[PDB]
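The complex appears here minus one protein chain, its other protein chains still in place.
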Amino acid sequence: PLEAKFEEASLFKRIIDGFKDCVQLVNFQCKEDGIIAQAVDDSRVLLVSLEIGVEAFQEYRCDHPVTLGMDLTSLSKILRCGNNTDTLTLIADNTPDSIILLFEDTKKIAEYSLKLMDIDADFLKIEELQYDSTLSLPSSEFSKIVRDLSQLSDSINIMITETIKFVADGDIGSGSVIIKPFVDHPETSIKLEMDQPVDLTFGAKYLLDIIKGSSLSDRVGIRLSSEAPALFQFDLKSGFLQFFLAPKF
Amino acid sequence: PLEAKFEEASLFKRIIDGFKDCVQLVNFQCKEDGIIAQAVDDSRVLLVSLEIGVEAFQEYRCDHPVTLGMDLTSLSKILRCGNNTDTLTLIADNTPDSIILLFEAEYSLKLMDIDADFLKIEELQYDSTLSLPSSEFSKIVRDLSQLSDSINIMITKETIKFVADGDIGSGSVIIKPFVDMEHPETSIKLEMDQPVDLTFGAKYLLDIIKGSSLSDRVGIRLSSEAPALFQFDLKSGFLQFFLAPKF
Partner (left out) sequence: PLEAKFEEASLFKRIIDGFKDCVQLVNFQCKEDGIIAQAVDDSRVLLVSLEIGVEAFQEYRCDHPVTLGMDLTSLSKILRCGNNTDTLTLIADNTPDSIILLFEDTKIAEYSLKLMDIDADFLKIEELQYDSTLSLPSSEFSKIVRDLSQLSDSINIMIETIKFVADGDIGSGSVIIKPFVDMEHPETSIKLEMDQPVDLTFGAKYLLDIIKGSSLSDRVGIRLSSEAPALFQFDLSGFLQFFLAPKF
């Protein structure tokens, strides 16, 4: 049928966690080459795209491509049953009415069934060829900056010249984090490639959701274009989780 | 290999009718989760995208994905043979030469080779998003079509204005969003990020409104420089029309 075993349930847990607080219901297409999924939020201001490759699984077998509609709050609830390092394996049939999530801890074990639903899959490819600027920084730093400036206001501005400035201007005060590219410990390097400069403003509400993809990666990529939704990538082991966020006009 | 049974042939008939007279000839990709098909027209000003989910069928089985190239007029003519309550079943074998349409009389349509270049031009967010009775929309378009061959649309705050201007004269229809709690299917819905001013070909709008035979309501998403999207939702599915505006 279909069976996919995460060596540690922790991974799939963190993966769902990342876009859990973003969107509501989501379609999961499982193909021969692994699992892809996409969801757009309430206001259609934010899209989450997720690609999980075969080598992120301890084992992966999908004979017939299978889509799985899922309520994210439900799936998360089943995923808190958890116990982290334990082998989690999703199992679905040819035409499944439900997906089986099977936990095994090395001691012994539990099996759960999530009932799937029908969702219309209108899948978006809004990603561009070249974005005006492409930067990458430690996800932790980015997390900190967003969390700090989101104190001062609801709207955070990002400016790239070669200089990257983060600016919040509120009804209390303002704040500015200016950071510049360098190479060092490669995990801490701030990389920047700039074609034409960029000045873009985003809802902090959303950015705070985007940054909790920090649990999946050391580093975040950020690609920005003038008229386009900005793209925020957290790379997986053979995969990624990206957030497309439409700028404010 | 592939067998898909509509409860009533009337549905497939009305779908194909819906985007017939719009586009030329169309590639139908049948997968495990059902049928998607796309076609662009003569001047490439209009694209039809169709998704039919698995639960719009009385039953559906597709073992391996199969594409079916089809001449829309040929298929339509074969679909004229329908009793509109007869149970239509499409059938294809592993590498189809032809597709069998079975009414309950059996027909065969010989397939064509077409190039599969497929278009995702849909956008994340559109400036304005409205929805209204497909009937009302078809009326407005049909009326304004009389006065000129170019119909313009303006979304303001709570204002939606349709305006035609030509040699004969000038029409204007103005509707506002409202919630009718007696009958929710007639309620006019509108969401607006930025206002929009967009002109479209009446020739094309007239083709687009023919999809009103599939749905109570039509959604309309308008972005400022992007092709406007007109959606008629189905039972587990939809038929959408992407129409490029006028410069």
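Here are a few things to note about the model shown:
Should a chain be cited, it is by its letter among A and B, assigned in written order, with residues numbered from 1 in that chain.
Definition applied: contacts are C-beta pairs under 8 Å (C-beta built on N, C-alpha and C of every residue); 3 or more make two chains touch, one makes a residue touch a chain.
Among A:18, A:96, A:175 or A:239, only A:239 touches the chain that is left out of the view. The hidden chain makes contact, of the residues B:9, B:66, B:132 or B:220, with B:66.
When you scan B:78, B:121 or B:175 for touch with the missing chain, the hit is B:121. Residue A:128 is the one among A:128, A:154, A:162 or A:218 that touches the chain missing from this view. Interface residues of chain A facing the missing partner chain: 31-33, 51, 53-55, 63, 65, 125, 127-130, 195-196, 238-240. Hidden from this view is one chain, which touches chain B at 40, 43-45, 47, 64-67, 95, 113, 115-121, 227, 242, 244, 247.
FYI, only the chains that are shown with their structure count from here on.
Separation between the centroids of chain A and chain B, computed from CA atoms only, is 33 Å.
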